[PDB]
Amino acid sequence: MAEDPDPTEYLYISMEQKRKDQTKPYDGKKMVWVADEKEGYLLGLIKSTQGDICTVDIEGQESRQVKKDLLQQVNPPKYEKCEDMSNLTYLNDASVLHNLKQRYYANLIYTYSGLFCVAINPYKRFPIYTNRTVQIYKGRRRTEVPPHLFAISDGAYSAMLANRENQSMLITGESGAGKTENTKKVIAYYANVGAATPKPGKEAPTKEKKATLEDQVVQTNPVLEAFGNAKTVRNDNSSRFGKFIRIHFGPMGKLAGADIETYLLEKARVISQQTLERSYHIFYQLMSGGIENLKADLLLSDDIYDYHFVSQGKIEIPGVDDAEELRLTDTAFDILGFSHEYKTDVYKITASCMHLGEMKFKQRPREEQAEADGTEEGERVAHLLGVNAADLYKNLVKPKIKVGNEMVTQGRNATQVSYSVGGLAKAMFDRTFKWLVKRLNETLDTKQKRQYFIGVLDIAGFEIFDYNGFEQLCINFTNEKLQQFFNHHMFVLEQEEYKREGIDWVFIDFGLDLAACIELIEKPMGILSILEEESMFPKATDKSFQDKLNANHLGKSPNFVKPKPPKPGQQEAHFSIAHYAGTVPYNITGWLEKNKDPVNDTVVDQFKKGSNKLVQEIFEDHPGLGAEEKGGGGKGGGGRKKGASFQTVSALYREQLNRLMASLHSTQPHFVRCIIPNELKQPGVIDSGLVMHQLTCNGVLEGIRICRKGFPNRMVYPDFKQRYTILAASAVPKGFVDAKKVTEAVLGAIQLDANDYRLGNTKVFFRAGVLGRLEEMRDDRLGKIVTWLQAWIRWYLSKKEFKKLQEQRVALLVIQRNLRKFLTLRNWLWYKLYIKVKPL
Amino acid sequence: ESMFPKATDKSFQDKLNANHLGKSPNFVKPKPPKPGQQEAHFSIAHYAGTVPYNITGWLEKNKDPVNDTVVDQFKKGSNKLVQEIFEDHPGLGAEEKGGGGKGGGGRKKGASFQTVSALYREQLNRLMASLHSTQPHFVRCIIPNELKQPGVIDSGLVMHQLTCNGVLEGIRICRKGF
Amino acid sequence: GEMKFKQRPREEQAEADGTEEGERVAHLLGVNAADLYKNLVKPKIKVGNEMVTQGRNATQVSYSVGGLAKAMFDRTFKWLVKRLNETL
Amino acid sequence: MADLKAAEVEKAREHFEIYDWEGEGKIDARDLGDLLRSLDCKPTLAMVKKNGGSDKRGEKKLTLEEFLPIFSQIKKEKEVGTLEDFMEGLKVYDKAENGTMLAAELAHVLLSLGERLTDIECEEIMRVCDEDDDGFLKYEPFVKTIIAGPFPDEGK
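Protein chains in written order, with the entry's author numbering: chain A, 1 to 840; chain B, 534 to 711; chain C, 357 to 444; chain D, 1 to 156.
No wet-lab data here; the hints were simulated from the structure.
Backbone N, C-alpha and C define an ideal beta-carbon position, used for all residues, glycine too.
Heads up, a few of these hints could be off.
[Said to hold, decoys possible] Cut-off 25 Å, straight-line C-alpha distance, at most; resulting in silico cross-link-like pairs (BS3-like, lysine-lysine):
| hint | chain 1 | residue 1 | chain 2 | residue 2 |
| --- | --- | --- | --- | --- |
| 1 | A | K800 | D | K75 |
| 2 | A | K499 | C | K360 |
| 3 | B | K613 | C | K434 |
| 4 | D | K144 | B | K613 |
| 5 | A | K800 | D | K78 |
[Claimed, not checked] Here are a few chain B residues that face chain A, going by a calculated C-beta distance under 7 Å:
| hint | residue |
| --- | --- |
| 6 | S611 |
| 7 | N612 |
| 8 | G643 |
[Unchecked claim] Derived contacts from chain B toward chain A, CB cut-off under 8 Å, selection only:
| hint | residue |
| --- | --- |
| 9 | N600 |
| 10 | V603 |
| 11 | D605 |
| 12 | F607 |
| 13 | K609 |
| 14 | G610 |
| 15 | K613 |
| 16 | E628 |
| 17 | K630 |
| 18 | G632 |
| 19 | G633 |
| 20 | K642 |
| 21 | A644 |
Using the sequences provided together with the hints, build the complete structure.
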């Protein structure tokens, strides 16, 4: 909480600004640090300040003086602990991160970064996630209340209701820090205004109460976090799936529905494991949680390693143990009304994905191919699908890559033997991810499609490790398209409108921008064009996939590094490809062996469909090994014996990316930046040097520099003349003073006419937190609702009744003479006599 | 669809040719200049002549050259007396916000870029049908002369107006006119 | 009427070196000469649903000054009949 | 109003004989406020204490002489028919201005903030304004209704 009355103490600790302010002085604790290019922070002194540039001297290292679009350094104390951090004097993402470093230990993980905000998280709960602290910041807009994700969504509720466009919250960044957790905080703000708030009670549970059912939208996110996040090389979890929930708000803004469009959940990823880490521990939620009994019933037994001794690593969890996703997801299903019988069936198809794979708990002493400890053969693969072949194991041990009816044996390193089983389990785990769409939308929607609605992406980031193939392609390319919108809307489209509005603030661009330069189908990053063209017909020669990649020259920003073919031309060794960040390594074979999808290197004949009814519905669109049969589009269907999509699956997904781009030009995007905590994992260790490197290659530092001169968010001038009720109304003139002139007095116009806002024709461009300060004055007078007007209520009542009393002014003069005559005529009787029985 | 750049001048003419042309006779067909945005001409039945139209600019006017918003804030007051003079408060100077919608004002919704012509389908039904069922007294107003002056009348104008106003038929029943 | 091709800057944006011309508009609305001369020059065009601009030259700019007038006159007249109809 | 008028003194001599049940004079403490309310001065209970008067029973009582400096302090300050924080004090649940706010948040915010008055009056701010099924109830007409008043002028 951040304000709790004394009578509301029955479940909540009080917070008071009466007398103390919760420590009457506020005070600093900062120093001047300069960002390293290894690890951590080290001391440094300012050498000379020549405006917004700031030449630094690292004390005991080196000296710089270079540009701040590649130099990032923590600001003085005064310029830490500020909101909308892009308005400062020194334009650094390092000051946001340092302010967030101290605050991460104190469980406050939001610090603004102008329009957007940076975040560091383990992907877990903290007490700042309470609904109590949401009602406090309710109607406080962007600035006025301490930095949080709830007030970003408020800043965006208001900039949506102030630009005359629709809005789209999205989550940009590199995984390592909660994206799926952060989604919950967007959906939960709209849950609050969408059911309204009269402001915190003078009661708290005694007397158990506080219920709202808008929360169930919010719980959509932890169900999908289980089938999407696990241990990786960045902190405790990372996102490695694409989530795109289009949460619909109504024509008021009231929350009613949500449409889950599933992208791609990794197409590997049990069959191979990362080195010293795990790659995905979400198939292992019934290996250490779930129903342990239906682990042995499906014919899977792994022999425990019995602690390291070296034969693995490979297998090695450095974080809190597998099945950490199992607790998050089980509580979240019951809020949604997601059946107990429906979760059981998920976990089956997930142990189906394990029977082809596994590497747990250590490598076999002559395999050299995926298999379990206990030597279960391919008999457990065949129990659920009915697969047969005289090539079903002990011939998959030797790598074979099947092109047609032929066996072209080319390349294949020793860590990469697992494509010979393939192939169905990859196609079964992503499809299981889309099963979740058919059940969760049954209860979420009550109506669908209408404005407003928010496009929310939670996609992958930067990861290193030899083994990567087709898996992270349509995950990473989504972040690459969003990275490119962050660099388009801020730099290219943004300065194009400042040349179409007669604005003399033309072209202020600071390098490493992409502006639909990877929206070409034939230059995305090079590998994805080639996957899509050769997953259409029998072809699983990786030599040709490497050869067309070795005839593709793209680059001007991270988005392509040269390949290394399995034999001809350039050598072997692990090549890479860039997306937005560093070098991302990749394997020589395994692109079309992860999409043509092998079964046991014998062409499918009915083996592409299961032997169970439940494994059977999973198959819908995805090529099988060998020949494919016609049809399959969108993401529908009901599977075929040979192939199940004649088309590539990824090209069906391309149709959604051409459309997601056109819908972000149909929205005003507010981003939520997630930046890596550290690349050494383990929460409560933030090494800002490793972060600083990611803050340079994605171009976030140029992104701070641009939010000062230029501005992303775009509103209109008449919105200060209507939205308010204090800078509007009769209280402040609207319509009799310039709509530009209001904004200029509370915020100033002392070189703030291009350093605070860009001044256009029919539109002003704001950060979208410039609005929070303006609104900060407004709520001050609005505080009591309304003590002035209750006295006017009593005006018309006393004066209307005073009429009854006004004819009583003369009447009082008659009863006073009459009371005297009550005694006078009792001494002077024979002055009365009226009808009764006594007269004569 | 015009308030958005998804509006094609092509489809306009196509939907014209179904709904207006089939039983109309003095209707001059659209011949479209295929490059870019039309400078196409058509004409429609009336008592008066052929009209060379210009089709562009119709676009910009329902994306509004000067918007909803900009106008809307002169409407707004500072004692609320000002407001009544132009609006009661839903729409015409006060705004529900957001993009989308047709018509307004600021119902519906926001800067909609006005399409009051669609609202005028609705109402248009309502004026037309009652008047359909009423028994005729008629006045067919003919152009005598352009200068608009007694003792000058032109033959050429009146000749033209009456051929389109079916003057033969129009005396065949009214040969007993009362 | 008589306003066209105002790209002369005062504030690093399309406005005008005019004064009197736009002051005789300005006073009658309340809004000052700057509110006027900023917002004339080009419309915020919904493209998708977001806001872009076009390049607009002298005639284009001319036609957009005339926008502000036709929106006012239509909307006043439309209020106007209906409130007079009540009494009748 | 914004200054004492000569007729508000001539009104107050007449209405002096009402307040004392005898037809004499001596302003009752609740009928202190009824005299200020029949002379266009309608302070709060916290503004009454600043002027040094009364508007409710049990508070100080005064004579009409003593009523003139009390009456004159309201004229210098708000609430004589001035606008600021009336229909400028409402709305904060809407970041849109359509001259409307929510029905639910226009009848239990005067009851959860404010000096807090009757549920019937909470129902009049909803009744004066237009109703639609979009959840948009206007706030700004109930206040102007008060400007119209039983008498815009000096009550009688």
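* Asked: So which of the earlier hints does this model not fit?
  -> none
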